[PDB]
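Presented below, as structure tokens, is a lone chain in the form deposited without the partner chain.
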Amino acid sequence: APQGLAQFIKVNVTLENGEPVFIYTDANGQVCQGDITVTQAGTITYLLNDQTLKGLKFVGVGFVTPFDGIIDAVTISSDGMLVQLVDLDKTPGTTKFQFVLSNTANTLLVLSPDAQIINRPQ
């Protein structure tokens, strides 16, 4: 049976001047931008590395255009350390998303700056 591709990205969050900074690293330890191109059906797994001491946990992934069909689903682990995107790469196009996190310092949700997914179907 046909398999897709599984991509793995670490979401490192530090504090600079009291506020969160999101640094993505790839499987080689290379800093990468937030943008991903998807060229076949698959998954994108984001692992949280919270270095802020603010108790960050993923609560989901947010979209300004959530019905565009670029990302099919979001799954989250019980400890808020992992989020995964399912992308069946049927609908071509681009979508902008932001990570949504809770914190233990206050009751405000934390948003990352926007990142982009580009689908190029097969």
Given for the second form:
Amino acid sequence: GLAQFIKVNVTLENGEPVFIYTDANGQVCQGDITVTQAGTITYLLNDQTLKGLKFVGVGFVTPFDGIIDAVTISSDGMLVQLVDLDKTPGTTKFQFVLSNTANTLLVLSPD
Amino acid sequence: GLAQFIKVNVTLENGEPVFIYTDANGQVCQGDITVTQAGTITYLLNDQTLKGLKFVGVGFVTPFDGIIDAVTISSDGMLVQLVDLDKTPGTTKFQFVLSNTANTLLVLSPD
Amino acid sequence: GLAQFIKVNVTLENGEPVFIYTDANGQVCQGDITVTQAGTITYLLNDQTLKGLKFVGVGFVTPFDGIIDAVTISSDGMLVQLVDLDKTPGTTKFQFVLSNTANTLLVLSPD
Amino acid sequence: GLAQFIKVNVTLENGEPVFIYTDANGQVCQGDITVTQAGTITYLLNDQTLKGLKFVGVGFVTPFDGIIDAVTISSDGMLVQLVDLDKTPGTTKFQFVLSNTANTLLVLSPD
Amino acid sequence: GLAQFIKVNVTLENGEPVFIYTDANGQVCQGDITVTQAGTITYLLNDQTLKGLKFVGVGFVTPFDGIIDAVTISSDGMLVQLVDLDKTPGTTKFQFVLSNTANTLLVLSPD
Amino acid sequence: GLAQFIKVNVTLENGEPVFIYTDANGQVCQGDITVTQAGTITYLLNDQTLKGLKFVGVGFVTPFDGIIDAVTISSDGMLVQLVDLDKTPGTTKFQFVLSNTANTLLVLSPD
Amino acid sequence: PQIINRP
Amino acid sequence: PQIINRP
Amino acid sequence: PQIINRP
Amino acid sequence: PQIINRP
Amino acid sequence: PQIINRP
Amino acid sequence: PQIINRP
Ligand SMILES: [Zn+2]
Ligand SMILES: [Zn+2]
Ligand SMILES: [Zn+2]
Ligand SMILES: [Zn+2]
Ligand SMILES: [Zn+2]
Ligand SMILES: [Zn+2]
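Next up, can you give the form solved in complex with the partner chain of this protein, since the form deposited without the partner chain came first?
What follows is the whole complex; the chain from before opens it.
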């Protein structure tokens, strides 16, 4: 399989989080992966908000669709990985889920 | 303040979760609270999916807007509460965040 | 229902914790709630001990009496809420349970 | 030092927990340790309540008195140990703190 | 990068765990990865011990050598991934670390 | 029983952890306990690495051998205890398992 | 503290 | 859902 | 983001 | 219970 | 380390 | 197991 890597840069604009994805070549993208083989997608948190963001998981409105097989997370909340093991065809949408140190609300990336 | 209570009924349709909110009078609603005073909103999970859903928090795309001050959660994942302490005026949108026992993806209610 | 709010002020006297409850009007009280309808009681931690107190739950010597239906807690340990859903008549006594950063003993409010 | 062992038997009477301590010789006691040297006290949970009790810690109204230096707990909640490392003279009172599977209230042994 | 996948089959022989690694082609191997590019190694637990094994992490006697950059783990303990982000040259040895439901000892794969 | 106490001093040499055990008399030893009666062994972490080490458990390649009955751990990761309750005869080898704040790899003491 | 339920 | 604060 | 599986 | 330390 | 049980 | 990095 292929191991893809995307950096999740989070800044604040007008006091609220903005998610900017950058790829291996440092280019801004939308952090979509059209996947053609079994593999992994690794998302690395670059928190520039001063709000103590940490990944707590990856959320799905259609979590049983089989497009993503599993989610793994590092102990420090700096990395999350999506595993696609069994190549279920189709498309799914997801939102990162993060804790923050300013309040007890979870943070979601846009739908 | 006022303590409001809403039941979060989760069923599966076509294999995927459907969120139906019911109010104190057992009526289906959209589980919105137009709030006029400081208080609490308590959401009670009624999981009818057989997928072992548990609340893990409440997520916000604009988590620093001050509309909701805090989130509390029960140890069994059956209840989450929103606290509105300081009456910040405006509107916010949120999505429930749940774990499940079928896979390691988090479940979100619709955006 | 009614949403009641009490601040749990913790100071140290002679090196040991003292719990002082204050109500909405900033008055010292004993942080008892005679409750007449279904609702919530929200306790807000104001830790002035320098011992890193955080709520970890609410403890009961008679936990199956039905007077309190559920306990919820915020992720930062700054809030705990008691839920009284089904109006079981009677009286119960409880003690706050807190972790601290000085040692690995849990802290209890007086019996 | 001395390693002492006490079994914490929990039964239900009139629907509520009763704590009965038994010593090495299977005798009922009050599970007090007058301690004369540095050592450990190990408490083993024998839950006969059907309420899924697990230790979550040991609580103290005077947690900074130095009589007990540390508390350790097993991953399954079946054991807690008190460590007395530095022989601070005096007396302290404590209450076991337990989770249960029937509700989200913590269980305390009597004050 | 390359995404490699190895199944960690755990059986019991003479009452104790035996770790057998199988590769993509279902062949037994030693579950070593000579790595030539940045990527991921995903380990999938197949627990055949009846002892309720779950991954809790991956342990290293030389954890600061930079050969492996990060470890991620799934919420159910069924997957762990090693991330090699920055291609530090050299060799490292590791042991899987697992919890079990029979006792409170952690399980290690052989050194 | 006997309560034995050993200090686990961790330093760094050539960037990697070194475990030095000291006994009650401040002597360096190998932190082995030949045990002749039921009791406890308490290990106290003295982390001099600046890498934020905390115990997370004690690991065994032969975890079902019965030599050690249980492991307990303090909430701050500064203490772990081995319990030997039922005097199973024989010998076992173990490795401390620690988290660190520099990376997400677990730290093991030598095999 | 104490809670008194008077439904 | 949505929450509307009208203090 | 979105993921598109084209096996 | 109670613990009494008599060093 | 190693533990040796000699009951 | 062992990992060998040959960049
Ligand atoms: Zn799939
Ligand atoms: Zn507000
Ligand atoms: Zn009730
Ligand atoms: Zn002391
Ligand atoms: Zn590296
Ligand atoms: Zn044994």
